[PDB]
Structures are given as C-alpha cells and as structure tokens.
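In case you want the letters, here they are:
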Amino acid sequence: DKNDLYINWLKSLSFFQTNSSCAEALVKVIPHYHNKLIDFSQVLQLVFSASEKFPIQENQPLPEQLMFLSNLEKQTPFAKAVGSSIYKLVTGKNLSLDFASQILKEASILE
Amino acid sequence: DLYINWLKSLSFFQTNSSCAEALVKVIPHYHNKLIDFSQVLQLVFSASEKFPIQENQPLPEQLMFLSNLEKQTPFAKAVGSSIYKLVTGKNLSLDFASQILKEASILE
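Top line first, the protein sequences correspond to chains A and C.
Take any residue in the first sequence, note its place counting from 1, add 433, and you have its number in the deposited numbering.
Take any residue in the second sequence, note its place counting from 1, add 436, and you have its number in the deposited numbering.
The hints are simulated quantities; they were obtained by calculation from the structure and are not laboratory data.
Honestly, I wouldn't trust all of these hints.
Calculated pairs, BS3-like style, for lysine-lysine (alpha carbon to alpha carbon, straight line, at most 30 angstroms) [unchecked claim]:
| hint | chain 1 | residue 1 | chain 2 | residue 2 |
| --- | --- | --- | --- | --- |
| 1 | A | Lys513 | A | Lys435 |
| 2 | A | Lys526 | C | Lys486 |
| 3 | C | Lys486 | C | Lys461 |
| 4 | A | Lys513 | C | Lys521 |
| 5 | C | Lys521 | A | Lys538 |
| 6 | A | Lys513 | C | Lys526 |
| 7 | C | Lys461 | A | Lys521 |
| 8 | C | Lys486 | A | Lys469 |
| 9 | C | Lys513 | C | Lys469 |
| 10 | A | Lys435 | C | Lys461 |
| 11 | A | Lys444 | A | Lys526 |
| 12 | A | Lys461 | C | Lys526 |
| 13 | A | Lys435 | C | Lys538 |
| 14 | C | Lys521 | A | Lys507 |
| 15 | C | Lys521 | A | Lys469 |
| 16 | C | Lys486 | C | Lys526 |
| 17 | C | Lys507 | A | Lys461 |
Bound-form chain A, shown alone:
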C-alpha cells in the first residue's frame, strides 16, 4: 500500500505536475519498480532526472547547502528520499536551493 502512497504523493508534488517530462518518465520507469528491479528512491532519482522546468542558480553558497543537508537528515522517509533526489539536481544542474526547499516542504506536508 505505502508503495502506492509514495507514487500518489510523488504525482502530487507541484514540481512533478509542472513537468510533463516527469510524468512521461514515470510511465516508463514504474514497470521496473513494480517488477522490483528498482526501489522507490531509484524511481524518484530517475523521474526527477527528466525534469526540464525549474529555477537555476549557479555557484550556490556552501553554508546554505550544509544547512539544507542537516535539515534533510531529519525528514520523514518519503520527504527524505525526495530531498536527496532533488539535491542531485541542485549540485548537478544548478537547481535553485530555495526551490529545492519548497519541494521538500511540500513532500513533508503530503507525507
């Protein structure tokens, strides 16, 4: 059931709903989840890797990133997994940290 819940929560994230590419990615990714080749954390990473729409900020400050990670450690399961997967976009694609915090806050609320 919670396997379904996590999927429903993911689909409910504003970030997911503003990125049709993420919805398209989930369609192709989810079978491997149902077939148990990958876990939900992996689904989140794959799906978010397909995102195209989000604010960008290059060379973001270290202190804020460290505070983001300290806060991430305290999150509930789904929220923590969402946070870690979105942080991959912060470091690798310059996704704005403030935006990442909004997504994480939304995930925590859904959970």
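For this one, chain A is given, so just place chain C on it according to the hints.
Coordinates of chain C only, in the frame set by chain A:
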C-alpha cells in the same frame, strides 16, 4: 553452488579487495541459510570501493539498461539489479555496469 562460484569470477568482484573480504565474512550465513544469494550480493557489493563514477547520467540510457536487465537470466539479473543500486546511489558508470552484466551473462 554455481552462483557463488560465478560471483567470485566477476572482474568487478576480484578487483575490489573489500568485496573479496566481505564474502569471507558473509558466506557462512549463506551456507547456514540465514540469508539468500540476493542478500549475499547486496552485502558484498555494498562493500565495493573501486569503480568509475559519473554524475547525473541520462535517463534514456538508464531505461535501456533496465529493459535489458528485465530480460536477463537469473544470476545475471540478480547481479545487474544489485550493481544498479550502485549506479544510482554512488554514480557507478552505466557503461561499466553493462560490462559487469555482460560478464555475468557469459558466466551463466
């Protein structure tokens, strides 16, 4: 036990001193039936330390790897799914992962 023999023959296993050491510690529990082969793979590969890494790898290639993995033979699929955890969690290079999978497929 074939799966254990094949695991010991994988280049990725042999080139990772931590994996070889891990199997020594883990296998008794496998022989005593406390854990299955999939768990042996998870415990052993989780100890891996050496492998090429690449951040934010492209989804299309990821999906191709997974579609191939789904059609694999038992040992190869088990190995591939375990290695894929390293692809996503530690950035192990997908091309390297495909190499390991091909070796496993040949051994089996």
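Status of each hint after checking the structure:
Note on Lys513(A) and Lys435(A): the hinted pairing holds, with a Cα-Cα distance of about 15 angstroms set against a maximum of 30 angstroms. Restraint check for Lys526(A) and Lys486(C): the C-alpha separation of about 25 angstroms stays at or below 30 angstroms, so the hint holds. Taking the CA atoms of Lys486(C) and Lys461(C), the gap is near 20 angstroms; set against the 30 angstroms cutoff, the hint holds. Distance restraint check for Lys513(A) and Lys521(C): the Cα-Cα separation of roughly 18 angstroms lies within the 30 angstroms cut-off, and the hinted pair is therefore satisfied.
With a CA separation close to 27 angstroms, the supplied pair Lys521(C) and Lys538(A) stays within the 30 angstroms bound. With a CA separation close to 17 angstroms, the supplied pair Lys513(A) and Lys526(C) stays within the 30 angstroms bound. Between the alpha carbons of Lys461(C) and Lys521(A) the distance comes to roughly 34 angstroms, so the proposed pair goes past 30 angstroms and is violated. Distance hint between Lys486(C) and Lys469(A) is fulfilled; the C-alpha atoms sit about 26 angstroms from each other, no more than 30 angstroms.
Among the hinted pairs, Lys513(C) with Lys469(C) is consistent with the structure: their alpha-carbon atoms are about 21 angstroms apart, no more than 30 angstroms. This hinted pair does not check out: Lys435(A) and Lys461(C) have alpha carbons roughly 34 angstroms apart, beyond 30 angstroms. Among the hinted pairs, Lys444(A) with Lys526(A) is consistent with the structure: their alpha-carbon atoms are about 22 angstroms apart, no more than 30 angstroms. For the suggested pair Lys461(A) and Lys526(C), the alpha carbons sit about 23 angstroms apart, so the restraint of at most 30 angstroms is met.
With a C-alpha separation of about 35 angstroms, the suggested pair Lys435(A) and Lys538(C) falls outside the 30 angstroms cut-off, and the hint is violated. A threshold of 30 angstroms between alpha carbons decides the hint, and for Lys521(C) with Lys507(A) the separation of about 23 angstroms falls inside it, so the pair holds. Taking the CA atoms of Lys521(C) and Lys469(A), the gap is near 12 angstroms; set against the 30 angstroms cutoff, the hint holds. Between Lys486(C) and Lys526(C) the CA atoms are separated by roughly 11 angstroms; this keeps the pair inside 30 angstroms, and the hint holds.
Distance restraint check for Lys507(C) and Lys461(A): the Cα-Cα separation of roughly 16 angstroms lies within the 30 angstroms cut-off, and the hinted pair is therefore satisfied.
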